[PDB]
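Here is how the chains run, residue by residue.
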Amino acid sequence: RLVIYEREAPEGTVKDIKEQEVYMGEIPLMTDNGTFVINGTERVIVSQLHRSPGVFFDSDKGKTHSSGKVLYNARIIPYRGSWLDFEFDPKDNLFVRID
Amino acid sequence: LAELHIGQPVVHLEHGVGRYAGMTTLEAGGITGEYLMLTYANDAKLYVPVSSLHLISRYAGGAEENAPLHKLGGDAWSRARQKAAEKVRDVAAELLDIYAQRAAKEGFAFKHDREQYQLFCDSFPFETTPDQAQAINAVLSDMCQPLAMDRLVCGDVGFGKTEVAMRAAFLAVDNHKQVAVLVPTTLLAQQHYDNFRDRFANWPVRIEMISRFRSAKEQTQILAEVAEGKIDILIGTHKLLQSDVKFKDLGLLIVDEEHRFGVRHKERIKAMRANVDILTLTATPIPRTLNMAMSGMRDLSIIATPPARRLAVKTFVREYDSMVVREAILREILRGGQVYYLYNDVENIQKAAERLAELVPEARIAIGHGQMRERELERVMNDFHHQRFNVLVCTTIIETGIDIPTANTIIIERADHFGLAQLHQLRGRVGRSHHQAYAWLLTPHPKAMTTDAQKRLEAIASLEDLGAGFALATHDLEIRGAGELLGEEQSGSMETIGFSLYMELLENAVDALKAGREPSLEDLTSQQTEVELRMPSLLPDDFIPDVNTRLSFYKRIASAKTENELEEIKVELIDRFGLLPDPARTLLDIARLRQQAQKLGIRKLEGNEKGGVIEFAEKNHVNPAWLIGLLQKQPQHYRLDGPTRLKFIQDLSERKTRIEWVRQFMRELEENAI
Amino acid sequence: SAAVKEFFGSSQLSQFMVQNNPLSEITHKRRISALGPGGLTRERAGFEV
RNA sequence: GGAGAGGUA
DNA sequence: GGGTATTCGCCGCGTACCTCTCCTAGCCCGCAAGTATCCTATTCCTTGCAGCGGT
DNA sequence: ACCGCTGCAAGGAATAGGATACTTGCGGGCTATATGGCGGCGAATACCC
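Those protein sequences? They're chains A, B and C, same order as listed. Mapping the first sequence onto the numbering used here, position 64 (from 1) lands on 64, and the numbers just tick up by one. Mapping the second sequence onto the numbering used here, position 672 (from 1) lands on 1672, and the numbers just tick up by one. Mapping the third sequence onto the numbering used here, position 44 (from 1) lands on 2044, and the numbers just tick up by one.
Read the hints as simulated data drawn from the structure, not as lab findings. Do not rely on the hints blindly, as some may be mistaken.
To be verified - Just some of the chain B residues that point at chain A, by a computed CB distance under 8 Å: (1) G1022; (2) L1026; (3) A1028; (4) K1045; (5) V1531; (6) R1534; (7) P1536; (8) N1608.
The beta carbon of each residue, even a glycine, is placed where N, CA and C say it ideally should be.
Hey, can you work out the whole structure from these sequences and the hints?
Here you go:
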């Protein structure tokens, strides 16, 4: 549904409006079992087991920096967007790492 | 029933024509406004605001069977608009000279006689029907006004249409304006000449014919008398179009049966005399001329209420059948009347009469066609007029309006290649009296019939009732279509934009001939005032269910020019309807606001939650000193926006507060107005 | 059509369905993978995962 | 020819 | 400025086989396909000019 | 040998049909946007003494 907004009329305006039922895409359907058919060679999509978006407080259990020091870092992992990391430097600093 | 049928073709100038598809509301930024559905090709849905209702008209091309659904963005409407505008250029010398003398010259006024006209009323040996008496009143009053009169007398056949003409001619010869009547046929020309000489058998009025029955010297004498103007009523065929008739004083032109003339001819006669009072007569017009008839650039008049005993002629959509010819001819002859037999083939009319003469031994048969000697055809009509023979093997020359009330049976042996209005005029050849009229239309085999006379025959059969002359006319429009509004080819769509568009192109041509505005000053888009305060303002659908009433009331809102119109609109709404809605009362007040701005200059207004902008006019009444006083006393609320605009900053949160501020605001404007 | 037909056609997870048993059909419609987009790779993951 | 997917040892 | 130290980018990270599917996006240009409209017939109505008797 | 009259072509209206260039959907045939892995190692910087 497409509008025309009257430019000379102020913020919040309609001169005209149109719509049509436009065809788009070719989405495959699912059989009565669950098989899809792509080219007569019925495939199936498995379920991915990916880590949940959210926040995760993680460490390095005396494993890095040769010091026996744990480095508590944290991830803001969105479902879409850029990853935000906050990591403790060995000298007790706090660092942002973006993606 | 002249607007807003669903699915009916309906036109918008930007995009072309579509079909009406309802009315609904839509939310488009907090304003759930009312918009109309228009369907185009590939199901293009266009939703139209109620403010922009005037961009929508009825399709004037008819074309109800098939009309062009302009696909959206197809640009064919734009191309046709540009082509029409090229035709609508004000350099067009076909009618802009008429509009120049419309802007420079005037017409004659007939004077009425209250006394001598009664003598010719008593010379009328019948009783006028009520529907024809008002036609006489409309004709004669329009004669008695100074403009160049132009009226159509499109009535049913044999209803005394000649009587309205002779009354108009009697008023004209009471001023001696040298009446010029015009029929497209020598035969009914001679018939009307006999009518004139018999009816006007008392007055010192000279009634003469120029036609082919007057010779190259007799008609020469008669045109010489026309040039000396001593003829008071002139009767002629297309002989009058030969640039050779020159009235010393022409005041009244009476066109009869314009459907066969051609607009080239109708303007050929028109361009001679400027202030002539044009009179037009028919039984059925051309659909192009019918469209300009109902749209009212010129006058319209329908005749009904038959004089004595006119009847529903029995339409016979029958096959070509010899026994049908036998039964028709015998039943007509025992009735006592005469028979028409249309053939329309001169190369075989002699053979058709030769076979039909022995095919009905009890008939008296001659031959009539327009490709033999005109005095021989005069002998033929002398015999058939004086009942000397019953069955007439003839071409379509009998479609020349010949009266002959004794004839009550017509047989058209081949109904293939004849228009429907012509079929009705041939149906008007039988009847005209108390005796029953039959209308036999012999056809070939229905597969070998036609592609169109199937439609024509189902039209001519389903339509047999009182008042069907305009019903068949409204069939004729949208089976053959309205042609070009100025040029030729009156049958066909001919890129039919609409006669409403002739208004706007003519007024833009008026702007062009105003000598200060160009054709480039083509005011195609003229909202001419616009205000917005950003509320949903509608006729609510649960409040108003009928879209027809809703759009009509929207037209009342549009046509509202004073506050008392608004008052009567609101009280009829409360009367017939009860409740007074919020958006309804709002838009009433908005129309009131537009009335104020038109009364008080204001080209444009914009309003919102925080204020808006005013766009003034030049020839206005806005107080400048009070305005700058307003500025210097509330600089917080106001700033200049150009020399003719003004941004006002107002805490316009509540919708009522907006209403009050604008109301009292233009009240303040109206107080100290300059 | 590209971004759907390519997802169903050539992805690491829209895989061919082994169909020599009813059982293999059933257990291949309830597989739970860890691979593909948004997840780790096969040859470069440790032991704890 | 090269990618991807699954599988055996 | 020199030892230390930190980063940091590059290097690498099993063999042989088998089964399957899938391999550039978009733009341009003309090229077939379908169409409204215009020149060609036919065969009513008035014109126009030449035959034409007749003297 | 001079003129008014007949008739046979010349040009508008109304209707069938074939043509024909417009108008356009298409398909082949071209050009040109990240985020789950560690261990080591040497080379480039960081740094204060």
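Hints and how they fare:
1. The closest approach between the C-beta of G1022 of chain B and any C-beta of chain A is roughly 13 Å, which is over the 8 Å cut-off, so the hint fails.
2. With 8 Å as the threshold, the beta carbon of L1026 of chain B comes within range of chain A, its nearest partner Cβ sitting at about 7 Å, so the hint holds.
3. The beta carbon of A1028 of chain B comes within 5 Å of a beta carbon in chain A, closer than 8 Å, and the hint placing it at the interface holds.
4. Annotation: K1045 of chain B was flagged as interfacial toward chain A, and the flag holds, the nearest CB pair being 5 Å apart, inside 8 Å.
5. For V1531 of chain B, the interface hint is violated, since its Cβ never comes within 8 Å of a Cβ in chain A; the closest pair sits about 10 Å apart.
6. A hinted interface residue such as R1534 of chain B counts as satisfied when its beta carbon comes closer than 8 Å to some beta carbon of chain A; here the least separation is about 6 Å, so the hint holds.
7. Nearest Cβ of chain A to the Cβ of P1536 of chain B: about 11 Å, over the 8 Å cut. The hint is violated.
8. With a cut of 8 Å, the hint placing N1608 of chain B at the interface with chain A holds, because the nearest CB-to-CB distance is about 6 Å.
Hints 1, 5 and 7, counting from the list given before, are not met by this structure.
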